[PDB]
Every structure is written in structure tokens, then in C-alpha cells.
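**Student:** If you want the building blocks of each chain, they are given just below.
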Amino acid sequence: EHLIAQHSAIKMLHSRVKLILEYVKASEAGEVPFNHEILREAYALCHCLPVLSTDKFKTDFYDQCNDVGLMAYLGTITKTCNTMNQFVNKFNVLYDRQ
Amino acid sequence: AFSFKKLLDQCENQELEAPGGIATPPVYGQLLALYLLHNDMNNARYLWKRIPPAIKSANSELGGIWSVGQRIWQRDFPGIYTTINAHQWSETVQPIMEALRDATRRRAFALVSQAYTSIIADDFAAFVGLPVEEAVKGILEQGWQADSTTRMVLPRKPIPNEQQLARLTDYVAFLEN
Amino acid sequence: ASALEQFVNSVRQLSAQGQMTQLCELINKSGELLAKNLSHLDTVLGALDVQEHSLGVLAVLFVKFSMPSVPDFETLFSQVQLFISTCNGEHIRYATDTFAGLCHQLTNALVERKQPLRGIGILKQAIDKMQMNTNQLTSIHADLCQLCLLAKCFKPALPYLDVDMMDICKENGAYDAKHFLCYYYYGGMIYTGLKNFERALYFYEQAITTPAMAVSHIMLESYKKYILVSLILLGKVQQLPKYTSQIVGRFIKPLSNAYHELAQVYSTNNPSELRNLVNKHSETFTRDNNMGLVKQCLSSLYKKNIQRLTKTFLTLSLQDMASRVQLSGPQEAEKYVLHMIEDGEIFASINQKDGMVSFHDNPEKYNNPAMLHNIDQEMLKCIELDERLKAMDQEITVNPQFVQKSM
Amino acid sequence: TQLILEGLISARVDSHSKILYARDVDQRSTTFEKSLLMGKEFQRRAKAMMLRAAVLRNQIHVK
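Chains as they are written, first to last, in my numbering: chain W, 1 to 98; chain S, 1 to 177; chain H, 1 to 407; chain G, 1 to 63.
Take these hints with a grain of salt, some might be off.
SDA-like, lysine to any residue: derived pairs with alpha carbons at most 20 Å apart [to be verified]:
| hint | chain 1 | residue 1 | chain 2 | residue 2 |
| --- | --- | --- | --- | --- |
| 1 | G | 40 | W | 75 |
| 2 | H | 311 | H | 260 |
| 3 | H | 295 | S | 41 |
Think of the hints as simulated: they come from the structure by calculation, not from any bench.
The shape of chain W in the complex, shown without the other chains:
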């Protein structure tokens, strides 16, 4: 559901890009030769598309990934020890006494 949820959002944006791309293709052949502030801005948004990142943003982006990634590692350890605890409890009844 989480991935389909982002799949719908990307599809929504993907449909918008198709409309812009088709309009430019039609303008190259027919339509209005220049819709003025629209294609001017549409080009500006294709230039703003590569959001420039500096060293600090990649520093913080990797900072967030490592923090929760460690949290993910802790969650796996917590799940693993519970399975170990269940294994130990079952093993102490399988052959062991007391």
C-alpha cells in the first residue's frame, strides 16, 4: 500500500509532464507559437528540475538515513532476540530439564 500510494502520486505528476510535453510538441508544429509566460515558465521549471544540492544537504540526507537505518538495525535485533528467546524456551523443554 505504501508503494502503491507513492505510485499514484508519481503517476499524477507523470501525467502532468505528458500534458506539457505534448503541448510543446504541438507548439513546435502548430498551436500558438509561444504561449508567453507559460512556456517561459515551463522551461524555467525544467531548469529548476535539478534542485542543486550542496555538501550540507547531502550531509544531512546521509545523517537522516544513518539514524533510522541504525534504528532499523535495532528493530531487527529486537525481533531476532525474541526468536532466540522462543527457540531457547522450546529447546529447554525439548531435551533439557529444570
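Given the structure of chain W, go ahead and fit chains S, H and G onto it with the hints provided.
**Tutor:** Chains S, H and G in isolation, oriented as in the chain W frame:
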């Protein structure tokens, strides 16, 4: 490097599959020199201890390689370079010996760059086993600082999306069950 | 010889007619004819075929090795290699005791002849054939590690020692824990030889924690090596867990008193006094087959003093560093710092212009993809570990005893 | 130096200029380091307990 590693693996396999239990002297020499190349001092020392004294007596080149290895263990770079260039190495040993020379040069260069904010020009020349002035010009073209008055050298210390998504899926699948 | 021919014919019939369990029980039967009758086994090997015929050949070979009449070892070794190469031991897992005894006898012969270099590969192949999974530890591993230690060739061992083998083989009840102790002691020695002090200490600790009701010299040597490795790595003797053991510790602690004295003097933290004690007790530590571990302990004490200085000093001169650590001069301190930096044990820098060593503050802020990759690598070990844990838990559920209590 | 060894001063001795610098380490760097050590110890203890099940399921002991 990669070819040297493949040769080392092949020589180790040949040693393990030796018919009479004793490898040919070229194989032992290649093994020892390649262990010296990778700075694997423990493996080289154990291999030298494993070699019977009959090979050592019948092949003084093996003794020379062992002396070079002992010099590497003591990390006396001028002595290391002097000993390497003193003994004539056969066609199977000369290129790998020169590779060991280059590896030692790079190792000393990195150690000086890391540990030494300042170093005497003579000390750096001894560490690299090269004359002082051309070493100075080589480090100047390396973007370093050198003081002529005090003869001191100031070295300058220098996941794809597909792999991530696979790891993220393995996050959920492990926690899903 | 008629009885041997009848036995060969019976083995052939059981192999050709698909009688796996009948052949296994015939091999496991009395076999007095094989024991009393000899000099005809070569014809048995020649006439018999491979696969389970080769399993019968292996049984005959084990009978041969059980006798002192073993002849030309070269011809025997070629036959053993041919059997291993053409091995189809789909049922050798039943006659594990015979194979374990064969491996023990072969290793004893190799030690007697002082040729342990070639036995490493044969024992590796034997381990591969015997174990069900890579997570299985057998008695052959002890002999393999012994051969690696004697031959001073630790290269093959390290792969199969870096893997945790959590399935001990009963050897049909013939697995004496002496093999377990030998394997752990020799693996610890091999790891010490490769400067892998952490895994060597782990192996020594596991060997110490083995529940044993009697004293053995191998166990005492494992304890002594554990003390030495603990002194080298952590600078102190790691406390034995309350997971504990049996009379082992109770009798060792009185016995290994000299190593405890060495540990105490190490705790006093005086290189001069430590060297004086070592000279006093030289002959005591000479009974170790290695004296280099004491020099390694001294070097580790020097490195620990340097690290304690770094934990307290931000920048220290070479002269004062030599004075504090009691070194002969600034050059020795400079060389020690360079060697420690090369090994990655400290982050510092030396300024020869002013004769100062700058103990740099820890630059590792842990903000690189390498740490993320390392975390993901530990993940896959944990996920595989959890899957193995779940698999055993399912196997436990199959046990009738759990079901009988549940029903 | 003795106080640092005992504790409760949290300081570093820059003996070059003889200046005592206080230690203020980031929690995250220490947290990540010891968390990784815990995971390595947890895996090592996971191996040891995993090993212990071997000698008991297969009845392995000194006779």
C-alpha cells in the same frame, strides 16, 4: 595488483597440491615475494619457517628475499631499498620485486603525509629512499610546502538506488513475517 | 579368503539391489572376518566399484588403517585421493564414527612423519563430505587445525574458521569432547598467529566454558593462551562468564598462577617491572611452545600507554612521550606512533619542526556510505541468523515431545 | 592526568601549548560506535548460543 593476486592464489593452490609435498623453488620465491608485496608479514614469516633448510642452502636468492622481508619487518626504509637493489632477482622475481619497491614507496609516502605535519628533508629522503632535492621537487609538484631555511617538509594531507531499494524491501519482508 | 569373497559379494548384491540400509547395517555389523583376515584387501579394493561400493571400500580401508600392517603410504594415499575424488558418500553420514577414527589415525600418522602440509586439503575435503551444512562442526576440524598449526599454513583454515559451525556431530556416539577442546585450542592458536586477537580470545573463552569433570593439559594451555590474548587485546584478563563450566576453573585457577601473576603485574602498568618479572619467570613461560606472546603483551602494554596518553593529551612532544612511556628516545616514540597509525589504532600527527605529536580528536563522524554499507552487511547476517533460528524452531515443533505436551 | 584517569573532569591536556581543553563529544558518534559494538557482541553471543544448541541436541560431552 589483480594479476599479482591471481598469481599468488595460483601459487598457493600449487603449494597445496604439491605431489611430493615440496613446491618448486620458483613457486616458493614467487609466494614469498608476493607476500612481501601485500605487506603480509605474518604469512611470509610462516612460509619461510615452513620452507626446509635444504632449499635455503641450495638457493641463496631465497635467503636474500628473507633478509629483505626482515628489513621490511623492521621498517628501515633506506636499508630496505638498499637490500632490494643489492641482490640480482631472476626474471620471475625482478618485476614483482619492482612492484614491491613501488608499494613500499607509496606506503612511505602515505605514512609521511598522514603522520608528519612537518618532517626534515633528510628524513623524508631516507623514508622514500631517494635523493633530497629531486624529492623536494617531486613533493612541490605534489602541492606540498617545503621550507629551505630549516630543511623541513610540510605534507598536505588529502550506493546505487537499486541496491538501496533491495535493502529497503528486505527491511519490510523481515519485519512482515 | 572365502569369507572375504562372500562379504564382497554381499556388498555388491546390497548395492545393486538398492539396499541402502542393509548395506549400512552390514558395514556396522561385526566384521570379524575383515579384522582377522588381511593381505587380501587389495583385491577387495580392486574388484569393488565406486559409489556405495566405494563406501564398502572405505569400510575396508578403515579396517586396514585400524591395523599396524599399513604398508607403502604412497599407494594408500593415492587410493584415498581417488576415493575422495570419486566419493558419493550419500550414506557415509551413518558410519561417521569409522570416518572420524580414520581421520584421527591419518592425522596421528602425519604428526609422526612431520608432514602436515598436504593433510590440510584432504581433511578439508573430508569435512566437506561429512558435514550436512556449512554450519556443522566435526572432530575432523580439530585435526585440520592441528595440521595447519604444525605446517604453519593458516591460509586454508581461516575460511572455515571464520564460519560459525553450530552443529556438532555425534560420530555415532564416538565424538569425545577432547576433539572439541582440541579444535577450539588450535583455532585460537591459528587466529593468534594471524594477529586476529578478538576471534582467538573468543575461541579460547569458548574452550574454557566447556563443561568438563576432569583436568586436561590442552584445557590448561587454552586457559593460559586466553590469559595471554586477553592481556594483549583488552589489557586485562576478561572475567569468565557465569554461564560457567565445571571443575575446570576450580582446578585451573590454582594451577595457572604464574599467568595470573603476569596479569597482575600488567595491571600495575610498569613496563620495566613487567620485563623484570618476565626475566624472573622466563622458564615458566618457556613451557608454552611460544615466547613471542610475552613480547606481544609488552608491545600491547606500550600501545595501551600511548592510547591512554591520547585519551588524556591533545598534543604531546616526542621527548615527553618517551619520558612518560619510558622509551630510549624520541625516535622510538615516533616509530611507535607511525606503526600505530599504520595499523589504525590511533589518530594523531607528528610535527618534527617543533618535536610535537598532535593527538588529533576522533575525526570519524560516521557520515559516509561505508558505514551504511557495513550496517547493511550486519543486517544480512542477522536476517540469515533469524531465518536459521526460525528453521530450528520449526524443527523443534516437529519433535513429538513438544507435541505430546501440547496435545 | 590523574583526575582524567579517575574521571569527573572530562578534559584533554594539550601539552604542546600547555592548554587544558574540555571534552564535549557528540552523542551520536559515540552512540553509533557502541551500537555497532553491541550488534557485533549480539551476533557473537548469537553464535555462541547457536553453538550451545549443537552440543545439547546432539548430546556432546566428555565421557
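**Student:** Next, verify each hint and record whether it holds.
**Tutor:** Status of each hint after checking the structure:
1. The hinted pair formed by residue 40 of chain G and residue 75 of chain W meets the criterion: a straight-line CA distance of about 15 Å does not exceed 20 Å.
2. Between residue 311 of chain H and residue 260 of chain H, the direct Cα distance comes to roughly 27 Å. Violation of the 20 Å bound is thereby established for this hinted pair.
3. Of the supplied pair hints, the one linking residue 295 of chain H and residue 41 of chain S holds, its CA atoms being roughly 17 Å apart against a limit of 20 Å.
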